[PDB]
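The task is simple: from the sequences and hints, build the whole structure.
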Amino acid sequence: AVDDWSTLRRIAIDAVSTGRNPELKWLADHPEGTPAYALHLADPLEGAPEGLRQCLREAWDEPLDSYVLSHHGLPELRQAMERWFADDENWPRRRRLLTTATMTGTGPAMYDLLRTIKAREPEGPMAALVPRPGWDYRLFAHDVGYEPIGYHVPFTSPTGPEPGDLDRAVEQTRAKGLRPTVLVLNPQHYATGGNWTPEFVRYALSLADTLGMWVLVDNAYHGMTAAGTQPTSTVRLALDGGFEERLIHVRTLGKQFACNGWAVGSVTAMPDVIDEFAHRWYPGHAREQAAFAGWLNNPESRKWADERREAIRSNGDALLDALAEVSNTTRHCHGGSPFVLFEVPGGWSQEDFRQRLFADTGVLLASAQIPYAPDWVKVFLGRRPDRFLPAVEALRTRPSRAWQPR
Amino acid sequence: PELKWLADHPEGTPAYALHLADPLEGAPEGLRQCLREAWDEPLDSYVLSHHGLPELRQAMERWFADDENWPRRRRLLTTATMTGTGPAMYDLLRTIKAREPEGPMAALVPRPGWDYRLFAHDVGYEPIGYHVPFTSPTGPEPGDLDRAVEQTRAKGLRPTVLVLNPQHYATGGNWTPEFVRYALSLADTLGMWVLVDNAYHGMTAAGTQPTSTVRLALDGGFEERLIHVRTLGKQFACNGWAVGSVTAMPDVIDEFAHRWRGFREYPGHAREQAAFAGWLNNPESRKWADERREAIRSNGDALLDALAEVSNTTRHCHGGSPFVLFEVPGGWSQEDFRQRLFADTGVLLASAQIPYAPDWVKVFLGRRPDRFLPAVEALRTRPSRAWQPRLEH
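These protein sequence lines are chains V and Z, in that order. According to the numbering used here, the first sequence is numbered sequentially starting from 1. According to the numbering used here, the second sequence is numbered sequentially starting from 1.
Source of the hints: derived by calculation from the structure; they are not laboratory data. Just so it is clear, CB atoms sit at the ideal spot from N, CA and C, and this is done for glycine as well. One thing to keep in mind: the hints can contain errors.
Interface residues of chain V toward chain Z, partial, derived using beta-carbon atoms under 10 Å [as the list claims (entries may be wrong)]: (1) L8; (2) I11; (3) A38; (4) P44; (5) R53; (6) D61; (7) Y111; (8) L139; (9) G254; (10) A258; (11) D317; (12) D321; (13) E325; (14) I370.
From the structure, some residues in chain Z lie toward chain V, with a derived Cβ separation under 8 Å [what the hints assert, rightly or not]: (15) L20; (16) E25; (17) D44; (18) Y46; (19) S136; (20) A237; (21) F263; (22) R264; (23) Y266.
Written out as structure tokens, the structure reads:
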């Protein structure tokens, strides 16, 4: 019965404009004293696991407020992070890649990695091959001086692009007179729920090697596939295939541990690359770095992550059942990243639909943002069940004409 | 180089690292208490407002407007910064570029000064330095700005941005109202944006009145292209927290927040921001800041006294930003001097980095007296030949 309104008010309401996104106006107009549930972002508002917050609390009296004098972050965090991800992703022990810590988000990290690659490569016309739909890679690419070229990602298939989808992007890059310079992969895919095939990832890695392209793999959701799913590990496939020199792995700790605002993540690449990245393109936030190191070295973190994969599975099942009671549109729950997709009832468009649904039920859902299929909705599943299931209940019990085709 | 010396330092003797603008202290206890007490609140998520956490944006706007004596009525809007005022100035420079016609642009920056030239070059401005005299406690004169404008004109560049830093990193200067007024009126005539960095505004030695650029600007009507930037880090002994503020006209902040910052960074660090709002909204934060200006004054006096005891060179303590400057004895480069001094005394100092005066040292004063004064005593009681001239006429 516990909702999100008090927290949404604290983080989204202000006396000046809070942003251009429509949902911020809906929140500003939301009736005070009535429930509101936020399922539109991969961002659990109930907060981080207690074990992590306890690490932060217990160090309040330690001198952790200054600059951090290693540009790569605290060694204790670098080590605990590389350990946790290498185990999670079954990295081989025989590797030359080194791991550096990032403290202001992996968005900024991939922006500066695109600049790092650009600095290492001969000046010329540069394409970044990015998944479409996908996360925000195209925005960083454009601002750094690459033309972003989308490769098709089907949302109706649990298994992601086929090799021919990549080939078509390479062909369009050549037709535009550009060199294919970096390929972004995101096999636990934001935000279709896909878990791309080892077949396609191996194809992508071999094609990149043939073309001399860099491969940037974003593994934000690798550890958050629904229980019973086997996530494809790009680093394992790449190193076993002998593609290492131009591999860059990026992964936020925030999506993994319900703490997006902590902004701690990791970048793993060849030594010369992480050296240029960290020095050319002092850090801070030692309190977050010290707290994460203690948490990741605690076996409770692995237990909590395992339990969360089971919650993602059961949460999706519960949402699917509710959607079946209130609606008759197509639904997907592919299990590869923690999102459910469903089609907007006929005669509605997705924005009007979500606005009306939020007014009638208090449940705020997100546009799926699929460019070739705009009128689909996406629902994030990576929340504690005691905070996700009340939102499902509101959908199942509060009537709305949003569900009825026009 | 300095970090290397620190590593070869013998274990068993005190080392005092005074070469950074960082006290290597815990942040004020009240601030850390605010962080600790909120450990069980749900503050781990992204912030959904593109200005940062509302309670912090509001508290820091109020605290700075009081500290800097801003007029109560103004159209400027204040946003929070969550990744450093360096990235913020990078994004502000890009916001300005997007609003001006294309063509070659100069950014006028203080020389010596902070690293504004690095951001300006990166975004595609040519950085043009204006002379900042370090011997005067009041900094540049109007003709120093006029010279940079004429250099800009001779290179066929449009002067597009002027960066002002009146509590100056890192000379100690406190620039005069007359100079800042001249700079604002000249920028307005030329259509230049004024970016004022006020990192050290609240950090002047007690008894020194910092010049408030925003007050002078708004009194004179120079609002439309004014941008204020100010970190909380240097003042409140918490460089690692990367919380600060930017204030500009509403349309400028919106583009900065939505497009230039907003297409790269997602707002976060709600824990730091809530802790700062609790601190700034506590009367103890103002009391602590006042007590800190007294500590900066007494620290600088104590260093000057110790220098008079062990040395016979020119020294400055201008009182406008928390730095003491002094000249190395004859026959010493600044690097050899600081390396010898650190070896003999355990006290590590910084180069002043004055390009027209290389062999000078600077000393940051913003640290607790019970931690600064032991370093001063080390300089007095540990003999060093660094203080003796190595030249003879």
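Would you list, in rising numerical order, the hints stated earlier that this structure does not obey?
11, 12, 13, 14, 19
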